[PDB]
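Just the one chain here, the form solved without this ligand, laid out as structure tokens.
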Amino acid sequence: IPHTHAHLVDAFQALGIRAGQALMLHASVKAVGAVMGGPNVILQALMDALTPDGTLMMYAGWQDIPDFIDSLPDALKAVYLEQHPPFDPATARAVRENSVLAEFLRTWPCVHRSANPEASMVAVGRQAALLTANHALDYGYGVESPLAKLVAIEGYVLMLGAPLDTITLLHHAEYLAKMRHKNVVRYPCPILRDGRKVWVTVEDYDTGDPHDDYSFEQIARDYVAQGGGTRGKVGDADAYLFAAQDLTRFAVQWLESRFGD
């Protein structure tokens, strides 16, 4: 008895999903268990609960981003600079980890994808263009980003069996928080400009390691423990539903009270 479309819709609504919401999804397709019609039915079920007036977004990134070329032998780097393809939002594949549904969402009609290669987001639904447009290359989790806009339209984050450590929105809280010190990274990336490949330097806060003695798992568990969000079962997966505005405010205060200057 694999989970049916209807069964998942009702579990989404029991958790708190409602028509018209803008939401960002993090999922582990494995944790949900078998679904009748396969993993795409998870998305169809979710968009059914959201209705066409709602919006669904996921983090895609770019699996093949060649941001490591400086650590290669000079001779190999030269080959990358000539032969590695640029970020193409039409065909660039999503990061491997917890992303089967993101790759699925990229074949949906009317999908939008933001232009920042490393921080690329995909979205479908009413506010999909708004969320994804004019995504700055530098500080791609900052003020000119789909995360900033998700907070601004009072959207949500849904964890569908995905670990609390993987909440991309918390990088936006890192961006906002006034902290003693934040690590800056500067790395190369080929992109399309007027149809032609150009390599640029991208500047960003480091998102590979926390800027201080904390983890996102820590912050999220502290949030849930003080009453943040709702928790519930969806298929076989443990699910959480958070308000983006409230989570971001909580996380910024959390970081500023422990690591401010």
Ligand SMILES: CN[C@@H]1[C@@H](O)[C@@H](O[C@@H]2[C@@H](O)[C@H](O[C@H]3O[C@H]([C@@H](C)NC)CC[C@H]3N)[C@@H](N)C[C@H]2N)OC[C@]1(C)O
Given for the second form:
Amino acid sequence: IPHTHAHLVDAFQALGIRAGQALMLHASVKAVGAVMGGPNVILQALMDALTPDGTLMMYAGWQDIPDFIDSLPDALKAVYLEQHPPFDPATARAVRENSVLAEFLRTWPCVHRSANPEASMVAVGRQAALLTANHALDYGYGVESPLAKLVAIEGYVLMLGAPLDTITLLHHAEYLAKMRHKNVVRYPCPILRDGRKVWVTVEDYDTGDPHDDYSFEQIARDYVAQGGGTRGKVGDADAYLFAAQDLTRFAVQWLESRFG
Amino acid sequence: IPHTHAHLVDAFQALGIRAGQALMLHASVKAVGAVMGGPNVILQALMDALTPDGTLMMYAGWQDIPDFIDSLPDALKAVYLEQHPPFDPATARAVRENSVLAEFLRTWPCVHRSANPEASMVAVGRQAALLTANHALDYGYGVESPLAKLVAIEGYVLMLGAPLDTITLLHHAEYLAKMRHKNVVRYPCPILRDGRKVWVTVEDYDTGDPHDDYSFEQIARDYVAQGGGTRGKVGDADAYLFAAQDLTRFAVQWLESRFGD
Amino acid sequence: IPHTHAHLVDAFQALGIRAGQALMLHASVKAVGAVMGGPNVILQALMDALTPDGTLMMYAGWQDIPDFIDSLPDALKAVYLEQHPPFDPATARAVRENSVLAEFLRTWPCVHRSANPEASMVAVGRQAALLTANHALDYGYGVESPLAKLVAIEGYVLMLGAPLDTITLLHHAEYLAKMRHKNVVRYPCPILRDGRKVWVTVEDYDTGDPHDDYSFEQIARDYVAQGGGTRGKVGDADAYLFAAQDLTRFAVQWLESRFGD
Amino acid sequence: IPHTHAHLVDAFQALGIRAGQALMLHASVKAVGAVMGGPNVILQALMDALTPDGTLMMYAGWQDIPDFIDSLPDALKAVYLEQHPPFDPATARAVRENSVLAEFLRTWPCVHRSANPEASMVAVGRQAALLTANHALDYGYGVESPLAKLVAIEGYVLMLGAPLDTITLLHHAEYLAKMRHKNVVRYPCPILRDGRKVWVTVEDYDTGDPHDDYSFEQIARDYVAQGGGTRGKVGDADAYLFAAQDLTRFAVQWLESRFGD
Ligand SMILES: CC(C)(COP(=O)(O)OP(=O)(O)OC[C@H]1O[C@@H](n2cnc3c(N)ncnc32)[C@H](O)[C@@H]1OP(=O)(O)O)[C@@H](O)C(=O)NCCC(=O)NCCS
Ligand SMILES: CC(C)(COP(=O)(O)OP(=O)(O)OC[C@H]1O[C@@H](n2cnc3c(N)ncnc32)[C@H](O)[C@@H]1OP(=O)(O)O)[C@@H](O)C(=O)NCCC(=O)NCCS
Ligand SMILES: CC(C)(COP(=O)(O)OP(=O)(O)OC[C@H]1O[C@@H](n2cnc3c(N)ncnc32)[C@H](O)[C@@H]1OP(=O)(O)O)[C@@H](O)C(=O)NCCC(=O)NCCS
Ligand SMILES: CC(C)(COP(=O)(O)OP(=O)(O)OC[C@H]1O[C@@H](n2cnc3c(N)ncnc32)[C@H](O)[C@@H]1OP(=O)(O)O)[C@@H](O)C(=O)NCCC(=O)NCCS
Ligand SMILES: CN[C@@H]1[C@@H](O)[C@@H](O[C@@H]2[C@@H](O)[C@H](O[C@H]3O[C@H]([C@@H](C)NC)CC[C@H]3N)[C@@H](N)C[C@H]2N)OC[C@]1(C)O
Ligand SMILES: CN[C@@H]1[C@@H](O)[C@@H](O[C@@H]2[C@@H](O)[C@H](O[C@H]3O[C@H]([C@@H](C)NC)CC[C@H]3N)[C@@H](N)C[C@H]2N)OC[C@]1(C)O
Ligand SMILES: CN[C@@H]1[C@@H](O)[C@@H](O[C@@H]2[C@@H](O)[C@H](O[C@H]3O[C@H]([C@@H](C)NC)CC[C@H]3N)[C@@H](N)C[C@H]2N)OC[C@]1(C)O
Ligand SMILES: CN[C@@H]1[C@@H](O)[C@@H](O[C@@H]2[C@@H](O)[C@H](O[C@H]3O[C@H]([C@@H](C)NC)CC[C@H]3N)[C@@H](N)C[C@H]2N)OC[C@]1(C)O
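The form solved without this ligand done, now the form deposited with this ligand bound:
Now the full complex is given, and it begins with the chain already shown.
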């Protein structure tokens, strides 16, 4: 029997999902196993556990972001500058490796989407506009980000069969932590400004590689080992539920003690 | 018989105030009528309806801002440049005509205050720091303002016995609207920079008069007439509750249809 | 006896016109008096004094720009939107009040014309393409204007029997000057885009009236009184020759000292 | 015994330097040998050969540009962002490796300086304002640069005992050439905006290393070998005089023939 909407709602509640929470989801559809109605039901069951007074957010990004054009031959780069479409939040597809669930949520009714193309977040619920508002283009995991706001309202992160290395919130901890050196990247990106395409330069800390000798899975496993978070099964998937404030505090101290 | 805290909470909730909302208040204490405990209880009852997870914001400004000194004779202007105190957010009193409630909220525990002297906003609650942060000195009702942020996080405006022409949010609608004519002003203002008094020039759209043949009362009454917002009684006061996003959208379209491209 | 080409060249050189200069001209044909060969000879004599390594520029504008249509009733405005021709730089006639000499220069061999319809400049000579390039539609007397470039390359302004209140360069001084009050306008204009007529909205500082209590004649006469420029006769005309950089610097200071920060 | 002004003027003239030319100089003071009056006389002799109708330009840059701060520990970078002064064209010292002569010319009477900090050019003479005007911050050796204008006005480049690898004009040829790949750099820089320090991001082609398997000395040697330019002695220094137009054309074709796509 495929997992039902009711059984998923109940499993989310048993894990500790409560009405009114703000929750960021990382997921693997395959890890959950067959669901009666497909991945829509995962999202709807989670929303139902949160109720309309809660909020569900996912990292969408932009699957087709042309941030690599400086590596191309000059003639090809010029074609990209002329012909590549800009980031349009109405149509820009979510990064496939962020789970199809992120693309499902991006196209959900009443969804709100943040403006930073590379770091774009999507959310549905009471605080969806708040979480996604005024997402700065530079340092998209920093102070002016949905991650900062998730911490401020004491939200949560749910890992639903997703590897612990994929906790996007830890990029916000990297931003906050006083470390000896962080790598800064500057890359071009087309956006919409006054309804017209404009290429801008985006500045950020490197999010493709760590700034020192560490991994996100290492931080998260250390957090779990010292009693952090709650663990349970949802469908066939191993699930972890973390408080964003405590995990961020732990991760900053973890990074500063080792690399500060 | 003075209105009680409990009855004000009930009246706010009946109007549509809910836990977690971000709310900008315009008020008249006299319109509410006698409250048991005074105007403090109006603020506390509203904060209780919003809960600590909600936010209450008011326009404080600066009662003593010397933005008029260019109109004075040179000798008097010289004294102002030498002797007028700078905007200190810890002490700068709220504009009296913004209601004594704005000054009451400005001095409330855990308050946050925005840095733009003329346009300074004060807020208490979960999003108080967010709303008041990085308030640019130029164009204080524009893109880098608490009003823009209130719209972005889909907050609300509550008129508590206040006239409809006192909706400060409509100055943000003026900023957004593409209009045939706008007045731009530059005026001096003393501020604190690294703990020292410095005189800077602030540039803004004129907020002392409309940019064309309209009034804020016209826009607000037209909004209400077409079903915008909710109306109800709080104490003795007529109250209006507006969604900031919907009101701003309406006002921008209202201005652009009459004076736009 | 009409003034000859040779005598006009000599008069221009005596005034201080030199080979290689970039020169913006304001003129009255009547003030110069009868010229042997007509106004063509005024332009050719000036170009000869400048040599091909110099540049001559005039403000052409567009005599038929329909920037007033927002004031019309909707039915009449609709006809203008459908039927009024767009700004075509090949055919758009210069503003008649800018002197027929501006229209003469607009249709001169090897002329370059800037793209801003209301503020369009025409130029012939070594720096004609440079001066007229990339003239932005918004703020046509501002940073992206031929007037800004004339200042930047330290060109000159020649008043050839033209009243001192017609110095278009002073609109660039207004743009630069930090003043207590500025009027910003938006107006419609049809242009060519990919060979098709398109209506756009242009934003600019108001150039129909000053932004404060001053006149262009007032500024220029003050400049002359303190030793600015050189004066002389060209034909029958009173002539003034100003350095664009020094006049702009003076005018910005003049405006800011009276209406500035 | 030390070289005199009169002999240096003649030596420059013998090379082909003529009245009215626009000339960019690269130099080694040591290569010229002892001059009666010091390096000032090198500059003055060159200006005299060019006459006041000519123009002399050098690449000054900024000796203290902090374009390296991303390589520093984060705590040190924060100090630079707070404490490092901005590029002030009045005081920013020329890059020492650009010759002390560039710093001498930067502080010469009637000098003009372009606004791009890393690529800043200084010039004295009739077209000094033109050459240094509107120098874009991004792609400072490209279309909106003093090198583009030097080509447009048919200027010249003089190597005065300077290595052929130091021909800055060839960075403009790199910009123009359709090459298979060019390296783009983006770096921070403090500048002045409204009299205040502001950190901006500057984008440019890498000028610290070639974009492919070539050197500027290689290009220049090939140019000389096929008859380009003139060569002679000025003091003790080997000198080369190149036409900017022809050298740029040659260098673009050279780069596209070997490294184009
Ligand atoms: C990479 C990762 C997503 C892969 O997990 P996955 O379960 O294999 O992939 P998804 O979650 O996208 O689900 C894919 C399945 O959805 C199924 N599915 C059901 N209905 C579908 C529909 N209408 N359309 C598309 N797919 C559908 C498909 O069967 C698909 O499997 P298939 O394409 O192999 O046939 C996962 O390991 C992971 O890392 N998740 C966390 C990702 C994250 O949050 N990253 C943040 C940035 S580090
Ligand atoms: C102008 C306006 C404030 C006048 O309304 P009001 O009720 O008369 O004035 P206030 O709201 O400031 O309340 C004043 C009353 O508070 C009472 N009060 C109670 N406790 C008080 C205390 N400790 N200290 C001072 N006053 C106190 C006083 O009785 C005072 O009345 P009084 O001074 O005449 O004796 C109102 O009409 C209005 O426009 N409100 C909206 C204002 C706004 O938000 N403007 C935004 C910019 S357009
Ligand atoms: C308004 C102003 C141009 C009037 O001066 P003016 O000498 O009477 O007018 P013009 O310079 O255009 O010369 C007109 C004369 O050129 C003569 N002319 C000679 N050949 C001509 C020809 N082929 N075609 C048309 N006119 C010719 C005509 O006699 C004509 O006079 P007329 O039409 O009355 O018969 C002058 O006072 C002025 O202000 N000049 C500065 C304008 C300016 O630069 N403004 C900038 C924007 S503020
Ligand atoms: C690097 C290079 C400048 C070195 O040449 P150089 O002759 O040794 O150095 P300079 O031209 O700066 O002249 C320095 C000499 O000026 C002399 N001098 C005379 N008066 C002087 C004065 N008031 N102040 C300072 N130096 C003075 C000094 O003797 C000094 O030598 P010293 O400091 O060792 O005692 C030269 O090889 C070169 O490359 N020139 C071209 C540079 C260029 O244009 N680069 C463009 C960017 S690639
Ligand atoms: C497409 N351009 C990407 C850019 O978007 C950027 O995306 C990173 C993205 O690469 C990064 O994912 C990394 O982390 C994932 C997880 C296993 N942590 C190691 C797997 C993919 C791996 N690249 C995300 N955690 C954060 C996201 N901002 O990374 C650098 C880049 C290659 O230029
Ligand atoms: C007593 N008659 C009042 C009338 O004065 C009226 O005055 C205030 C009026 O005083 C107030 O104006 C102030 O605000 C203007 C602007 C500069 N605020 C930033 C400039 C004038 C300044 N006095 C308006 N913003 C709001 C308006 N309601 O209020 C209602 C009323 C009952 O009609
Ligand atoms: C008021 N005195 C008149 C006047 O018409 C005057 O004409 C023009 C005057 O007409 C002209 O203004 C016209 O042009 C303005 C607009 C077309 N751009 C500036 C709007 C007002 C309009 N009258 C001014 N820019 C310059 C002025 N010299 O000439 C002197 C005179 C004939 O005595
Ligand atoms: C201070 N930052 C510099 C930057 O300004 C920039 O400097 C280059 C500079 O590196 C380059 O000069 C190099 O080539 C010359 C070499 C061939 N000597 C004969 C002079 C010394 C050497 N620095 C100049 N031709 C152009 C100049 N823009 O690039 C390198 C850099 C390290 O990022």
